[PDB]
Amino acid sequence: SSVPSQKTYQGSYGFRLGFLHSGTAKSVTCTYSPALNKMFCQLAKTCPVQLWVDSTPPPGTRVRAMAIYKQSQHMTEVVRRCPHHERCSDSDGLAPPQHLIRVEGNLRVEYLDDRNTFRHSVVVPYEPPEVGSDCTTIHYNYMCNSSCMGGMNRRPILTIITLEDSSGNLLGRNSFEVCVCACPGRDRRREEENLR
Amino acid sequence: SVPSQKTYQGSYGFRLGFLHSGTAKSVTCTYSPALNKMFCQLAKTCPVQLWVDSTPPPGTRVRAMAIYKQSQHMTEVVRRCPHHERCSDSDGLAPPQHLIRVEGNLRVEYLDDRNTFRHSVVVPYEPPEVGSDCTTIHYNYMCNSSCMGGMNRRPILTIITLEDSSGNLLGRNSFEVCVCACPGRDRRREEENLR
Amino acid sequence: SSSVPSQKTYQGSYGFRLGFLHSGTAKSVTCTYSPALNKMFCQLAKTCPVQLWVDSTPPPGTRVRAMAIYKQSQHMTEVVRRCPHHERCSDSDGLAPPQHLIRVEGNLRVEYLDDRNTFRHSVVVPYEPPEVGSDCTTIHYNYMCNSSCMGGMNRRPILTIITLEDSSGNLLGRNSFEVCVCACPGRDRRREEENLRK
Amino acid sequence: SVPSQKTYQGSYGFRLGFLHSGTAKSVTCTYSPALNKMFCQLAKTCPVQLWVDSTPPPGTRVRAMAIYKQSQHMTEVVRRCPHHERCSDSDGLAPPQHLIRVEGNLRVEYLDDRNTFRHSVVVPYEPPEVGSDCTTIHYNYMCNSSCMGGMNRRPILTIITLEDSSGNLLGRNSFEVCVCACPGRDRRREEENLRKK
DNA sequence: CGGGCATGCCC
DNA sequence: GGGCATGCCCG
DNA sequence: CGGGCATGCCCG
DNA sequence: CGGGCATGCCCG
Ligand SMILES: [Zn+2]
Ligand SMILES: [Zn+2]
Ligand SMILES: [Zn+2]
Ligand SMILES: [Zn+2]
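Chains as they are written, first to last, in the entry's author numbering: chain D, 95 to 290; chain C, 96 to 290; chain B, 94 to 291; chain A, 96 to 292.
Think of the hints as simulated: they come from the structure by calculation, not from any bench.
No incorrect hints appear here.
Computed cross-link-like contacts, SDA-like style, restricted to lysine to any residue with a CA-CA straight-line distance of at most 20 Å:
#1 B/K291 <-> C/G226
#2 B/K291 <-> C/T230
#3 C/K139 <-> B/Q165
#4 B/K139 <-> B/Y205
#5 B/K101 <-> C/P219
#6 B/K164 <-> C/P219
#7 A/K139 <-> A/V217
Quick list of the computed label-pair ranges, beta carbon to beta carbon:
#8 B/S99 <-> C/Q165: 40 to 48 Å
#9 B/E171 <-> A/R249: 30 to 38 Å
#10 A/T170 <-> B/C277: 31 to 39 Å
#11 B/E198 <-> D/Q192: 55 to 63 Å
#12 C/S185 <-> A/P223: 46 to 54 Å
#13 B/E198 <-> C/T150: 41 to 49 Å
#14 D/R290 <-> A/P152: 27 to 35 Å
#15 B/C277 <-> A/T102: 40 to 48 Å
#16 C/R181 <-> B/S99: 28 to 36 Å
#17 B/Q165 <-> D/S185: 42 to 50 Å
#18 D/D186 <-> A/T150: 53 to 61 Å
#19 C/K139 <-> D/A119: 40 to 48 Å
#20 A/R249 <-> D/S96: 40 to 48 Å
#21 A/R209 <-> D/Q192: 40 to 48 Å
Residues from chain B shown here face chain C by an in silico Cβ test under 8 Å; the list is partial:
#22 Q165
#23 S166
#24 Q167
#25 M169
#26 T170
Beta carbons are placed, not taken as given, at the ideal position from N, Cα and C, and that holds for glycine.
Please put together the full structure from these sequences, using the hints given.
In structure tokens form, the structure reads like this:
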């Protein structure tokens with residue numbers, strides 16, 4: 095199917111993303127590079143993504159994550175787990191086995207296999223920050239490596255995070271590149287070295 | 096019930112031979128006598144020679160089958176990984192799940208054993224061409240030793256059996272195999288691991 | 094294609110077999126047959142005489158079909174057709190479809206078949222008995238693409254299968270021969286003949 | 096009707112540079128100054144440097160086009176042969192028929208000319224990166240000079256033009272190209288053949 | 001990549 | 001027939 | 001943890 | 001090729 099938009103749209107609520115500072119130890123579980131707008135993370139490890147808003151979205155608002163290929167020649171291809179990982183015994187009880195992106199720690203998560211575009215996405219209700227907190231954090235997990243054969247096969251992906259109303263209308267959108275890999279700190283440091 | 100790997104030259108004096116192709120980093124197929132191990136690239140020609148002291152009767156068949164080498168893995172059927180089983184690399188004759196193919200023989204026959212679930216590939220035995228002392232079969236291995244969800248860096252043995260037209264055993268030999276990107280580089284590594 | 098046709102020699106009830114001319118190996122002779130290899134070496138679009146020999150005469154309605162297949166088992170399911178260039182080079186003889194490798198010359202009753210189910214190409218003419226004073230029936234074939242053509246045969250050897258059939262397509266007889274369509278048939282014949290002598 | 100090939104530096108002092116990669120038998124891309132001729136392998140990176148004396152205005156673009164070198168063949172559009180046109184070698188951007196592609200530039204644009212039907216490939220001009228004195232474009236040639244039904248052993252020139260945003264000419268350079276299996280062998284041979292006995 | 005040789009195509 | 005130009009295999 | 005190395009694969 | 005490097009994964 096045609097590739098969903100990745101255009102940054104803060105919208106009426108001033109929707110932005112934030113990421114924890116985690117450092118670049120060789121095999122740190124998850125690390126974000128501001129200079130690349132790129133997350134490096136290990137398979138099945140917690141990846142925190144922060145939602146920041148200037149004003150609070152309505153009740154019933156939801157937050158959706160979807161992966162797409164970054165490169166034009168691959169844009170029409172659905173991002174999914176490789177044949178091996180799809181057939182592994184790693185089900186969390188909620189996510190269909192073909193889905194790359196899962197959410198942990200939220201029993202209200204829903205998974206969509208779009209009947210029109212065949213793309214996968216994972217969505218949770220938007221909860222405003224608890225009093226004393228400045229942002230809302232969602233814990234994602236990526237369940238296949240960037241390097242997997244028959245899956246991403248070293249082709250870079252973007253994760254698109256959208257804020258939507260209860261009926262699915264777009265309220266806001268942001269995105270970040272992601273590399274799922276064995277050694278996120280090593281690889282972040284290497285990619286950062288390369289723009290020099 | 097693990098297939099036998101016991102060497103049996105039998106009445107026809109059946110032995111295997113290999114081409115000695117050296118250890119250039121990316122040589123297609125190379126055999127290590129020290130290890131009795133063939134190192135070869137995925138989908139490329141792997142020649143295996145059949146040598147006999149006397150000629151088996153027409154109707155004789157030659158079967159190849161892979162098993163895991165390590166005792167703890169021996170009962171597991173050797174098959175292509177989920178990625179490679181789904182690739183569009185059919186030659187029109189081989190089943191997509193089979194690790195070992197034979198190339199260049201229209202009489203090739205593949206078996207999924209109904210009882211053991213093991214895969215094998217069999218061709219008719221033919222005597223050497225005039226002036227030649229051996230019969231060469233061209234095998235292809237269709238998954239890397241390193242493939243996740245497949246061999247997963249577990250060593251395999253290929254067992255070559257000479258059979259009569261009804262399947263009775265006439266001879267057996269075997270060799271270890273590593274299917275890899277750089278067979279010359281890798282042959283040298285395993286050899287030095289001992290001495 | 095999902096299957097492969099038989100290439101087994103079958104003389105049948107009429108004692109059907111093939112014959113070929115003695116043409117020699119003068120480097121660039123237009124067509125030459127190697128009895129040792131059962132292989133015809135010829136130039137693109139040049140006449141390739143093939144003789145049909147029979148012990149008794151098949152009845153009117155009998156047909157003679159020619160079909161190419163790849164010789165190597167790993168390519169045998171792939172339909173032999175002309176390369177993208179030759180398919181488009183506007184060299185029609187008025188009857189042969191542009192995709193067909195094998196043509197027949199000089200026969201107004203030639204028919205070209207593109208099999209709806211195997212997708213294989215073939216060319217067929219009515220069987221005619223030999224002319225007076227002759228022992229055999231000669232068909233003039235042409236091969237319209239080189240063995241070396243990219244996107245075509247791509248250096249893969251082919252076999253031509255000649256079948257004798259009744260009016261319904263039932264098999265009456267079969268024979269086959271290898272073919273290389275190349276620039277220098279004499280040279281290439283001699284080189285391939287040398288390659289056992291080694 | 097034939098596009099001009101006449102070299103001229105123009106007001107920005109535009110000229111080309113090439114990597115001097117030598118003549119090892121199968122070097123992937125090499126350039127002969129004596130012949131003003133690039134020899135390169137199909138689909139391999141062919142770096143061409145743009146050198147200017149002063150920086151051209153915003154919106155400047157750089158176009159490449161192939162034409163046959165021989166006068167008898169000049170009016171024929173240079174295109175890929177039927178085989179290569181149909182190979183599964185697409186980069187997702189170049190039309191299947193085009194001989195010349197640009198690699199590693201997401202802003203590449205391709206043109207089939209309305210009047211002449213000739214093919215060209217155009218990129219925005221960018222000034223040299225910091226610490227560099229020239230701008231490099233990575234071309235690929237997607238058909239061999241020898242291809243039957245394509246160039247068929249007929250020599251070609253590549254014409255590189257510096258253009259304003261509207262397509263008006265600012266500068267032009269050209270070089271002969273042979274796309275072949277063994278660029279070093281073939282370059283060394285052609286240069287060996289320049290002299291007398 | 002590239003030595004060795006197949007294959008096109010002149011003399 | 002001779003010789004060379006040019007592509008391709010598999011190390 | 002970082003150092004180190006095995007293994008696939010790609011620029012030239 | 002074959003030197004080099006990306007990437008998984010082991011080891012102390
Ligand atoms: Zn995976
Ligand atoms: Zn595999
Ligand atoms: Zn052709
Ligand atoms: Zn071409």
